[PDB]
Amino acid sequence: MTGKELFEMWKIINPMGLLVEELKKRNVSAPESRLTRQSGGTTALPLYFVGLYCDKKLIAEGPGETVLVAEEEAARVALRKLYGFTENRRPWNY
Amino acid sequence: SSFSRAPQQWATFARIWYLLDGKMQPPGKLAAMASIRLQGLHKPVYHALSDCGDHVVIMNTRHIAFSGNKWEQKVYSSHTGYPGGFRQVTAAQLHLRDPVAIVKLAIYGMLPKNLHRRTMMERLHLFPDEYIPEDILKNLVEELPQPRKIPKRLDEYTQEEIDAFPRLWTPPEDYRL
Amino acid sequence: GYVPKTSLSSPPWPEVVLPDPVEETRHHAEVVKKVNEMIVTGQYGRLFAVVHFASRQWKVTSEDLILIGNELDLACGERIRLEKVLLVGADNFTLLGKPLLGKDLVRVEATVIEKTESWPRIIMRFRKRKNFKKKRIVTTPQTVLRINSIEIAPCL
Amino acid sequence: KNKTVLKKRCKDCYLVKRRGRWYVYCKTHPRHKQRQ
Amino acid sequence: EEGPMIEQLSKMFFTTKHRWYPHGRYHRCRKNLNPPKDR
Amino acid sequence: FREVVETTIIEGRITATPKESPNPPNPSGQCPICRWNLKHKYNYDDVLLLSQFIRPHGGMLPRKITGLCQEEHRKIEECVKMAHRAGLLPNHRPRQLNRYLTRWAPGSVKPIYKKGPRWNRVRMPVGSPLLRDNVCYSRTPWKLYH
RNA sequence: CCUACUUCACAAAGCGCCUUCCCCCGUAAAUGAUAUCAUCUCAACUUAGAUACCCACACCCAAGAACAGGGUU
Ligand SMILES: [Zn+2]
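Chain order of the listed sequences is c, K, S, 4, a and r.
The first sequence begins at 223 in the deposited numbering and counts up by one.
The second sequence begins at 2 in the deposited numbering and counts up by one.
The third sequence begins at 49 in the deposited numbering and counts up by one.
The fourth sequence begins at 67 in the deposited numbering and counts up by one.
The fifth sequence begins at 104 in the deposited numbering and counts up by one.
Note that the sixth sequence covers residues 35 to 41, 47 to 134, 146 to 196 in the deposited numbering.
The set of hints was computed from the structure by calculation and includes no laboratory data.
Be aware that a few hints might be false.
Capping the alpha-carbon separation at 20 Å, the derived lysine to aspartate or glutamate pairs in EDC-like fashion look like this [as the list claims (entries may be wrong)]:
hint, chain 1, residue 1, chain 2, residue 2
1, c, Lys246, c, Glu294
2, a, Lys114, K, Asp52
3, S, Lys53, K, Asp156
4, c, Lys278, c, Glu293
5, a, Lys120, K, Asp156
6, c, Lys246, c, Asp277
7, r, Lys58, K, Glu144
8, r, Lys103, K, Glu174
9, a, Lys114, K, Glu135
10, a, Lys114, c, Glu287
11, S, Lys107, a, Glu104
12, a, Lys140, S, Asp112
13, r, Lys80, K, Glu162
14, r, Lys103, r, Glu116
15, a, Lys140, S, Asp152
16, S, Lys81, S, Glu71
17, S, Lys132, S, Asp112
18, r, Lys58, K, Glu162
19, r, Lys80, S, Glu63
20, a, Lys114, K, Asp136
21, r, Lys103, K, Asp175
22, K, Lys139, c, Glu287
23, r, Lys58, r, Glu37
24, S, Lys53, K, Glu161
25, K, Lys105, K, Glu131
26, S, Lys82, S, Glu157
27, K, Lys153, r, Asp84
28, a, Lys114, a, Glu104
29, c, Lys226, S, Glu111
30, K, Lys24, r, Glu59
31, a, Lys114, K, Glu123
32, r, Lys58, K, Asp175
33, r, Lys103, r, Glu59
34, c, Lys303, c, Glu243
35, 4, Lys83, r, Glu116
36, K, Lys30, r, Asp84
Label pairs and their computed distance ranges (CB to CB) [as the list claims (entries may be wrong)]:
hint, chain 1, residue 1, chain 2, residue 2, range
37, K, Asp99, r, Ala55, 46 to 52 Å
38, a, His130, S, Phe174, 27 to 33 Å
39, r, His79, S, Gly145, 44 to 50 Å
40, K, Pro45, r, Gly98, 52 to 58 Å
Just so it is clear, CB atoms sit at the ideal spot from N, CA and C, and this is done for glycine as well.
Construct the entire structure; sequences and hints are all you get.
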């Protein structure tokens, strides 16, 4: 699991719901899904960069070709952040 | 970063649309920037093989300015195939015929001579006026600022500025002008 | 020695006013302290290091592979402490030396995986019309290091 | 007539610079009209 | 229909016609089907 | 400044002396430009200065009325001309291509129909060669020929 | 392009008939600065100063080497 990030290992469907559940468990709140940036859109090669805000503070933010996809990505990122992963992680002691 | 792989990759690449207003600017001073953008040399990801070029919208190209006497002096010169088909045209004339042309030519010259040049040119969007199409406007992200600063004529300077500036000499009270 | 407002009276560039050195020093100290605190807390997550090995500079992290084109004269599986970590960075803070960081601050560890030869590389000379045609095949020896760990300390 | 060195022949003659070249014009003696 | 289709593609994607025209057999044979993938 | 007033009758009327600016920074200079310290620190850009040595219909004023050193006077004139060419003195007039830095009048320049080989090539003049000693400031000098 | 003529003859020619649509740049001349007159102005200025065509099996042909094109009521 050195290179392999989560979601490759534990594959899932509908991360938004999961996030919501996790949020509830944690803070007793629900996330808004704002759209941070977008080049294209009508071009046929857009770059929708979509956030996820909780009480006017972004917990995560992800990219995508389409808006739904972007949202999904953001959700995934949020999940990763929650579950002590990310690309950063910590090296692990051997 | 976080992110899954493909989406990250997409984010890294993805063609951004940029805007340039002409109006009083020199072509080629526009084109330097535009050419760079087209190439994708403004990205730290740049390679000739990767295809990282962005879109450049340029507007108000009818309101280009030329430095010195280039409107009258600068000759754009091309051949048809045909004997006696050597056409030389002064920049002004060219502009009058097609206002998009001058900027475009400059951009072309700036770009590397490889086959990608024409593809790069297709990501260039030139307009003679403020009227850009709707799709293109939707696409746009950021205007990078104009090279030439615009000198500002006396009508625009306002009174306060004038007051601030000193009057350097006394005329004779008997002088007409 | 005054000039009224024109295009060439004042500079094109804006005038920067660099701050007072005592205050600046204090600020720097504060920053350092913060960094130290962070280090203590384990608030970081994965480090990287620009290390200097075999005249090349390498941005390196835990778990990565590096290929050095020469013999190190080490048995494989031996562990190495790489000196000359001239950059050590992470999310939220970075440390650069002048040019090298101190040994107390940081250390990078590397296990030698394998010692090998390169694929055969062809040298070949030629000149027109002058019967000059040489051909030498070479295999430059190589070593593969696996960087295991970047330890970073609270010395600052 | 064309000349690289323009000279006034008469007092009525005058040098003018027009169209990026120096000319000599005289209202009395139009012979002395010269170009650069 | 071919040319029209090509034109449409170009319009969509902002690029020249030349890439959409289908390249020959030799070239395709040459192409690496299992390239060395990394990371 | 005086003015002729005609209706036959003719009269003369005086109105509003500029009266200088109060106290120059370098006094005991010989000129309006010289005293202040704009020896090499003006251009066509700056029209608040140029308009001071200009007639109501855009022409220059003479050296003897302004009181400018001759070398400077010429420069000033050139600047004024440039400004006019640009379109920076619209309220100064006798009674479509954008422009700046024009040394020659637009009419009176024949096109560079045969720019020669690079070792003897024809160049389009941009700006005046009077304004060389103008403060270049950047590490390269002014490219007066394009 | 072929109604006569002529070469000719279900056509194709000329010796026959028909149609043919813009500028041009050197100078000349006002007002007018630098240089309070004057001066055509590489001073600011004012005068003399592109439309048309083109674009949706078979058999015969004013279409044609083949290919293509037109017609087949
Ligand atoms: Zn002086």
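The hints, checked one at a time:
1. Restraint check: the Cα-Cα separation between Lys246 (chain c) and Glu294 (chain c) comes to about 19 Å, which is no more than 20 Å; the hinted pair holds.
2. Restraint check for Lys114 (chain a) and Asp52 (chain K): satisfied, since their Cα atoms lie roughly 18 Å apart, inside the 20 Å limit.
3. Taking the CA atoms of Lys53 (chain S) and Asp156 (chain K), the gap is about 17 Å. The hint holds against a cut of 20 Å.
4. The hinted pair formed by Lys278 (chain c) and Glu293 (chain c) meets the criterion: a straight-line CA distance of about 17 Å does not exceed 20 Å.
5. For the proposed pair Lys120 (chain a) and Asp156 (chain K), the alpha carbon gap of about 51 Å is over 20 Å, so the pair is violated.
6. Only pairs whose Cα atoms come within 20 Å are accepted, and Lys246 (chain c) paired with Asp277 (chain c) is accepted, the gap being roughly 13 Å.
7. Among the hinted pairs, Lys58 (chain r) with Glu144 (chain K) is inconsistent with the structure: their alpha-carbon atoms are about 47 Å apart, more than 20 Å.
8. Distance check on the hinted pair: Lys103 (chain r) and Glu174 (chain K) sit about 14 Å apart at the alpha-carbon level, within 20 Å; holds.
9. With a C-alpha separation of about 16 Å, the suggested pair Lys114 (chain a) and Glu135 (chain K) falls inside the 20 Å cut-off, and the hint holds.
10. Distance check on the hinted pair: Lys114 (chain a) and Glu287 (chain c) sit about 19 Å apart at the alpha-carbon level, within 20 Å; holds.
11. A C-alpha spacing of about 52 Å is found between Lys107 (chain S) and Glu104 (chain a), which places the hinted pair above 20 Å, so the restraint is violated.
12. The suggested pairing of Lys140 (chain a) with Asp112 (chain S) holds, with an alpha-carbon distance near 16 Å, which does not exceed 20 Å.
13. Taking the CA atoms of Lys80 (chain r) and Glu162 (chain K), the gap is near 18 Å; set against the 20 Å cutoff, the hint holds.
14. For a cut-off of 20 Å, the pair hint linking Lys103 (chain r) to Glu116 (chain r) stands: about 14 Å separates their Cα positions.
15. Of the pairs offered as hints, the one joining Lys140 (chain a) and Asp152 (chain S) is violated, with about 39 Å between alpha carbons and a cut-off of 20 Å exceeded.
16. A distance of roughly 15 Å separates the Cα atoms of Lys81 (chain S) and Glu71 (chain S); the hinted pair therefore holds under the 20 Å criterion.
17. For the suggested pair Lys132 (chain S) and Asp112 (chain S), the alpha carbons sit about 18 Å apart, so the restraint of at most 20 Å is met.
18. For the given pair, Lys58 (chain r) sits about 19 Å from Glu162 (chain K) by alpha-carbon distance, which is consistent with the 20 Å threshold.
19. Between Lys80 (chain r) and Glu63 (chain S) the alpha-carbon distance is near 18 Å, which keeps this suggested pair within the 20 Å criterion.
20. Distance check on the hinted pair: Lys114 (chain a) and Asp136 (chain K) sit about 13 Å apart at the alpha-carbon level, within 20 Å; holds.
21. Among the hinted pairs, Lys103 (chain r) with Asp175 (chain K) is consistent with the structure: their alpha-carbon atoms are about 14 Å apart, no more than 20 Å.
22. Restraint check for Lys139 (chain K) and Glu287 (chain c): the C-alpha separation of about 16 Å stays at or below 20 Å, so the hint holds.
23. Proximity of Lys58 (chain r) to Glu37 (chain r) is assessed by CA-CA distance (about 18 Å); at most 20 Å being required, the pair is judged to hold.
24. The suggested pairing of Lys53 (chain S) with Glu161 (chain K) holds, with an alpha-carbon distance near 13 Å, which does not exceed 20 Å.
25. Simply put, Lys105 (chain K) and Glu131 (chain K) have alpha-carbon atoms about 17 Å apart, close enough for the 20 Å limit, and the pair holds.
26. For the hint pairing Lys82 (chain S) with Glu157 (chain S), the CA-to-CA distance comes to about 26 Å; that exceeds 20 Å, so the pair is violated.
27. Straight-line distance between C-alpha atoms of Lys153 (chain K) and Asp84 (chain r) comes to about 8 Å, which keeps the hinted pair within the 20 Å bound.
28. Between the alpha carbons of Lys114 (chain a) and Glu104 (chain a) the distance comes to roughly 15 Å, so the proposed pair stays at or under 20 Å and holds.
29. A hinted pair counts as satisfied when its Cα atoms are at most 20 Å apart, and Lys226 (chain c) with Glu111 (chain S) qualifies at roughly 13 Å.
30. For the hint pairing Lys24 (chain K) with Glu59 (chain r), the CA-to-CA distance comes to about 37 Å; that exceeds 20 Å, so the pair is violated.
31. About 9 Å separates the Cα atoms of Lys114 (chain a) and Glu123 (chain K), which keeps this hinted pair within 20 Å; it holds.
32. For the proposed pair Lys58 (chain r) and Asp175 (chain K), the alpha carbon gap of about 13 Å is at most 20 Å, so the pair holds.
33. At roughly 16 Å between alpha-carbon atoms, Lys103 (chain r) and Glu59 (chain r) fall within 20 Å of each other, so this suggested pair holds.
34. Only pairs whose Cα atoms come within 20 Å are accepted, and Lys303 (chain c) paired with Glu243 (chain c) is accepted, the gap being roughly 15 Å.
35. For the given pair, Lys83 (chain 4) sits about 17 Å from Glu116 (chain r) by alpha-carbon distance, which is consistent with the 20 Å threshold.
36. Taken as a hint, the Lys30 (chain K) and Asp84 (chain r) pair is honoured in the structure, with Cα atoms around 18 Å apart against an allowance of 20 Å.
37. At roughly 51 Å, the beta carbons of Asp99 (chain K) and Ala55 (chain r) sit within the given window of 46 to 52 Å.
38. For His130 (chain a) and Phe174 (chain S), the hinted distance range of 27 to 33 Å is satisfied, since their beta carbons lie about 30 Å from each other.
39. The hinted window of 44 to 50 Å between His79 (chain r) and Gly145 (chain S) holds, with their beta carbons roughly 46 Å apart.
40. For the hinted restraint 52 to 58 Å between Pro45 (chain K) and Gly98 (chain r), the CB-CB distance of approximately 55 Å keeps it satisfied.
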